[PDB]
Amino acid sequence: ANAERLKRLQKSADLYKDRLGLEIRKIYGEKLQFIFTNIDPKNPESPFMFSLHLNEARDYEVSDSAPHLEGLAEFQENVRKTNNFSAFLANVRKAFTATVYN
Amino acid sequence: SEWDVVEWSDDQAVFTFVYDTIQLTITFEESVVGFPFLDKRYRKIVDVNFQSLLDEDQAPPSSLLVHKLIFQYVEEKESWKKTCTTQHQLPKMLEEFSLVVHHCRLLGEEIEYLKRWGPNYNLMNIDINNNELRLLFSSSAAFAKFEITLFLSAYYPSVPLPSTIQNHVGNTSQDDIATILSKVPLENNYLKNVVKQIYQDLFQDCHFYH
Amino acid sequence: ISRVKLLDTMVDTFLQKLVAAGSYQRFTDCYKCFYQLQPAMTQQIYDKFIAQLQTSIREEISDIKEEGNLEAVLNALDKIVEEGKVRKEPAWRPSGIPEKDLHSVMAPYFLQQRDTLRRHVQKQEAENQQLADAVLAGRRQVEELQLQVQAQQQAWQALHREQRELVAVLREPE
Amino acid sequence: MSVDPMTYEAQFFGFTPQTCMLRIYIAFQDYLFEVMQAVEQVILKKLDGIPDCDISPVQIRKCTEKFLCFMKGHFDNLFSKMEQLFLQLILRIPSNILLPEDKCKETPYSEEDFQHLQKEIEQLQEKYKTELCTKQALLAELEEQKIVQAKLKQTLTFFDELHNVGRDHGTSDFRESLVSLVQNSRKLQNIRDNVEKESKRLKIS
Amino acid sequence: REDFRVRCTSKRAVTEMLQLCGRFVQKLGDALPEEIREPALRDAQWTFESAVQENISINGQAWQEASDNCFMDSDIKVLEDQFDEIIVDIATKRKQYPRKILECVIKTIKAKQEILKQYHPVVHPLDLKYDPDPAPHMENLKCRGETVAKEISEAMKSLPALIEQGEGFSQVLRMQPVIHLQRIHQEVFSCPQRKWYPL
Amino acid sequence: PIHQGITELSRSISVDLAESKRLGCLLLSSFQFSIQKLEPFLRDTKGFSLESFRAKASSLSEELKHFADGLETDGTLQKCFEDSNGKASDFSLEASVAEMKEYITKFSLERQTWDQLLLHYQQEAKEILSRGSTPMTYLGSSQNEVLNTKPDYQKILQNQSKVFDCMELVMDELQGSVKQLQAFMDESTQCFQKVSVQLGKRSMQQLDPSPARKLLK
Amino acid sequence: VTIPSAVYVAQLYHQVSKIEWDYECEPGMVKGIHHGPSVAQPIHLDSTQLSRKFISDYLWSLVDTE
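Chains as they are written, first to last, in our numbering: chain A, 3 to 104; chain B, 29 to 238; chain C, 6 to 179; chain D, 5 to 209; chain E, 4 to 202; chain F, 14 to 230; chain G, 5 to 70.
Chain A on its own, in the form it takes in the complex:
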């Protein structure tokens, strides 16, 4: 039943993308991308990007952010010490959501 599993997993990612607004994608070079959609009240397609990669010491560091962000060091320390990433992804979601209204 691999086909059904993969099809609903793609459907789950798609419903996050449309219903929730977030889609994740692993790309080459040990990098991952978070794509944010349906935030701006006027322009719903407006992409918001941030790609994160891994250093030589297994740490979270956002490789790039479109638009850029500021709060990276504290979340890096948080995931390095308390090995938690739920709060990090939730907080970057909160920041990107707040990005529309300054």
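By construction, these hints were calculated from the structure, which means they are not laboratory data.
Take the hints with a grain of salt, since some may be wrong.
With a straight-line Cα cutoff of 30 Å, these simulated DSBU-like cross-link-like pairs (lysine-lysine) come out [said to hold, decoys possible]:
no., chain 1, residue 1, chain 2, residue 2
1, F, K69, E, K30
2, D, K157, E, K145
3, B, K224, E, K30
4, F, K163, F, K175
5, B, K120, B, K110
For this one, chain A is given, so just place chains B, C, D, E, F and G on it according to the hints.
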């Protein structure tokens, strides 16, 4: 049994009482041998010290009252240093200390339970001053309002308590509370029983005025 | 018409009654026993006595009524008689009983005093009636205010039923 | 001499008429006397200068005593009738007439009625006194009634202020609010029993 | 003593003795002519007894007005003067003193009514003074009643949030097993006192 | 009391002679008066003179005075006092005098009675005048009913305090009850939170502990 | 390669959204569950009846931001 044993070292032994807050440390005589190798009376106790790990700054009134009561029982009877100088009498002095500890812990639970559920039993205030207890019974079920000042002591509840009823509103004589105390036996759970008895006789039996 | 006429008249009749006694026989007796000093002059002396004694009554009565002030009191008596002649039944007279004599004159003013006193007491009664009515109304008013305050404290106490049901709902751990 | 008190006629004339009669009689007999000696002395006036008078002066004195007594014999008898007329007819005050002060008193008032009226007036005096005392007590009661009415109005104003303050926040009706609170608490009991039993059955398996 | 005159208790005996002794004048009167004897004789005899009588006094009364000796008339006169005195006294009594006591009693009535109306102001201690009502007491009632009402109105709105949360959580409990009872769904899926005592 | 003439009588009475001697010399003097009033009628003529007449008159006067002296006889020293008698067996004017004497008694009693009455009245007036310048309050009136139907107002003013105390009781009871309500709402919220805790923990249990480590390789 | 990547991105998605969904119901409506910091909550709405923006604001505003 609310007592825990931590260690029996060649230098000292440690008991933890009431949520480990009271550290009864037995500092023995400094030797590399114990009572088995030595004589049964040679194992003298240098210091029966009572470390207080309870932080009174953030402690609630129940903890302050229970710890003050235990320490008052200690200081009024510190003659352990005169009477408990051997490891043979150590278990029995521990047991008799645990008895007052258990009574005082149950008492603290009683003040907590009453502070939570007073208006059900008409107990709208518990004010603790040093080692006293002020139970404020006040209701218009029989047009009554009075404070009972139970001078709680470490001997509670194996001794009757001096009950000085300072009347506020209504006609209550010393005989009324005296009969209340007599009908409530001097045993465990005494405070809750006396509160319930006051509620029953003076406020539930009397018909609600309409 | 006046009293003085009759008073002076019947006494003159008395005078004639007096002088008629002896009279001519008296004159004959005295003027035959003596009968001679000087007949004309002795004749004259006898009548002088009669005239002087028959006038001395008149001057005496005049003095009695004048210096005794009896003419004025006689006129007053006539006025009283003409005023009170209407009543013919036996009129009461001062009987010498001091108490009734006092009462007959002290009754009227004491009577008016008693009248004025009852006027005062009736005014007091009139005012006291309204005072009692006001106090009776105030009694009802205060009992009524007691009624609202008792009803209000009963209403606040009526909450006790809901507290009891709330206590029953909040079950103690058993 | 009269068998009577004369308490009335002298009461108005100021003197008993018997005194007037006795004065009249004494004065008149004195005058009769004096004129007897006057006339006999006038006769003697010619006897002093005329000797061998046919009639001795003492004979004139004798006949003069005779004349005096003979006038007296009828004079007293007629004066009796004069008195009987004066004291009863021409100076007396009849019983059918009322004197000025008698007119002042006039009507007879019974002394027993006076005693009853006096006890009545004194009793009405003490009644007036107790009525005025009752007036004073009633007025004091009125003052204290005003005071207690003011206090009652003050506490009723307190009641109104308490109700207004309680309604100010939004708890318009205490009884209804507490009843609805009890009902909501009962529903909360229902859901909390549900959650407790569900947790208990889930905590095991 | 001013009375020198002679006092006699008998009159008939004295007159008879005078008549008997007058026989001396009779004999001397017989020493006159019979033609003129009678006038001169009567002269002498009347002068005799007249002079005798004029020297005597009948208990101080005049001879011509003398009367029977049964009772003294001076005593009767003194009594009669007293009787007139008392009668005129009672006459002046009924004249003036009733009016005077009338003038007295009217003044007494004025005094009585003055005393009566002066008694109208009467004050007796009957008022019951009491301490003023306790302002701080009713103020404390006001304050804690106000805070109770505040918190009660707050609870009335806070509790329904607990109600709706409980209903939602009951729905969550309802949905939980079926969601965990589903195949691909799990495929995707795969003492308070201790707090009180600071340890 | 007719008396005239040469007189020399009445008031002119000697005091050295007894009343019998007094009347005797009165007789004697009257005798000379008779002699001198009888003498002028006689006239002197030849062989006729008055010596015999005057001598016989003088002898008669001597006989008269001797007769009076003989008549003055009486009991020894009996003239030192006087005599007084009278008969009062019965009369009617005496009865009138007696009865009018009881009238005197009646008026004498009336005098003192009137004096006592006027004195009592005037002294009562003076006493009232002096006194003017120098229980019953509730009864005896027509409105004793409003007085004796009086409730105790102090009891009402005291029951005011009882009402206030009852409100204190009731409202502090309400305070305690609603505090208990808060203490139960907090406990219910704690129950909700803690049950959410283990349900979330059980959901997390099958989640990858370190999914990113498996993600990198 | 496909299976592990898919299961891992599924776990990452569940960790991120903290939300499980319902698929057996019709796609015209959305049923699900959210594991928020407060009491766990249901999710019952109509996906095809409201605009995506409003529903997204509804879910992402229920997350406790205070």
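Results for each hint:
| no. | hint | in the structure |
| --- | --- | --- |
| 1 | F:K69 / E:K30 | 11 Å, holds |
| 2 | D:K157 / E:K145 | 17 Å, holds |
| 3 | B:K224 / E:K30 | 168 Å, violated |
| 4 | F:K163 / F:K175 | 22 Å, holds |
| 5 | B:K120 / B:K110 | 15 Å, holds |
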